[PDB]
Amino acid sequence: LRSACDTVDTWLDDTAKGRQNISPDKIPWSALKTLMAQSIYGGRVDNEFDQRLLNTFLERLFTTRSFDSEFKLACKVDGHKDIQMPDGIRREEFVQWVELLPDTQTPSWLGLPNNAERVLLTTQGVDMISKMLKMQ
Amino acid sequence: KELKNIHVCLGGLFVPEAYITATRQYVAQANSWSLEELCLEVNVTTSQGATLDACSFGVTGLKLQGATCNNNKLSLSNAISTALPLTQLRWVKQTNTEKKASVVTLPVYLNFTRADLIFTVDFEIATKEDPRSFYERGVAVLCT
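Which chain is which? The protein sequence lines are A and B, in order.
The deposited numbering applies: residue 4212 is where the first sequence begins, and numbers increase by one.
The deposited numbering applies: residue 4502 is where the second sequence begins, and numbers increase by one.
Just so you know, these hints were derived from the structure itself, not from any lab.
Just so it is clear, CB atoms sit at the ideal spot from N, CA and C, and this is done for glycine as well.
There's no promise every hint is true.
What the hints assert, rightly or not - Straight line, CA to CA, 20 Å or less: simulated PhoX-like cross-link-like pairs of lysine-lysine:
id, chain 1, residue 1, chain 2, residue 2
1, B, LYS4601, B, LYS4574
2, B, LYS4574, B, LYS4600
3, B, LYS4574, B, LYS4564
4, A, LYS4287, B, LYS4629
5, B, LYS4629, B, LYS4574
6, A, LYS4283, B, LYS4629
As the list claims (entries may be wrong) - Among the chain A residues that face chain B by a calculated CB cut under 10 Å, a handful are:
id, residue
7, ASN4266
8, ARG4271
9, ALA4327
Make a model of the complete structure from these sequences and hints.
Shown next as structure tokens:
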């Protein structure tokens, strides 16, 4: 994450040469995506299908469309509702958006099927029973 | 010669990857081609015991994870594993015409741990299913 933050700052400063408002289409999306595809979060990947998955997220999230009003971070999490991109221009607006996220996270937030947590949740529930019983 | 006509459970084989290479080497030998010149076409049958072409091989026990196969057209599924009755692995001369904008390459792992890749299959998706959704949901095929 820190390396990705430095890369974002390095290339944004390179393009926006001391300016107040850089055009979204002038943001170096190719530089940011490739460096994260190959070096940052990419250097750990030793699997082509995991590499393709990493490329898929980077291609979806880092474009000029991310600055549009109706950008969609996730689609159809619960079948009907989905997560919208906040229309913020300042940091505090984004932090407010994060704090207003519901406590109803499902693996569909991650692009996974909602049944991915079924076995994992079931084991923990049995694990909680075993731990409670042991302390009795 | 009867080794070609017998259906094979890839999970049972000790080295399933070598069987994939052997079938690729078998077809290129008859047609005097190179192994790089053969691409793997996959056909899934409703029932086992179907007509086996000269350049085709029957494989049993493949399990589709996160999707269903219907008429060689994958659709996303909310089930965990879908059994593939009989998968025909057919080797054909490569024509390097790229993808088809509705084709997903699915990894075929040996078991549920997905620690060992055996080979890759190409399927055609159906409806408006985004191929990227197949990538994000971890759609794959298991040998056992």
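Comparing the hints with the structure gives:
Our distance criterion of 20 Å between C-alpha atoms is met by B/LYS4601 and B/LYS4574, whose separation comes to about 13 Å. Pair hint B/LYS4574 plus B/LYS4600 holds up; C-alpha atoms about 15 Å apart against a cutoff of 20 Å. For the proposed pair B/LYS4574 and B/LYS4564, the alpha carbon gap of about 15 Å is at most 20 Å, so the pair holds. At roughly 15 Å between alpha-carbon atoms, A/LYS4287 and B/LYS4629 fall within 20 Å of each other, so this suggested pair holds.
About 12 Å separates the Cα atoms of B/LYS4629 and B/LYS4574, which keeps this hinted pair within 20 Å; it holds. Between the alpha carbons of A/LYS4283 and B/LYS4629 the distance comes to roughly 18 Å, so the proposed pair stays at or under 20 Å and holds. Among the interface hints, the one on A/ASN4266 holds; its C-beta lies about 9 Å from the nearest C-beta in chain B, closer than the 10 Å criterion. Contact between A/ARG4271 and chain B, as hinted, is supported at the beta carbon level, the nearest pair being about 7 Å apart and thus within 10 Å.
Because the beta carbon of A/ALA4327 sits about 8 Å from the nearest beta carbon in chain B, less than 10 Å, this interface hint is met.
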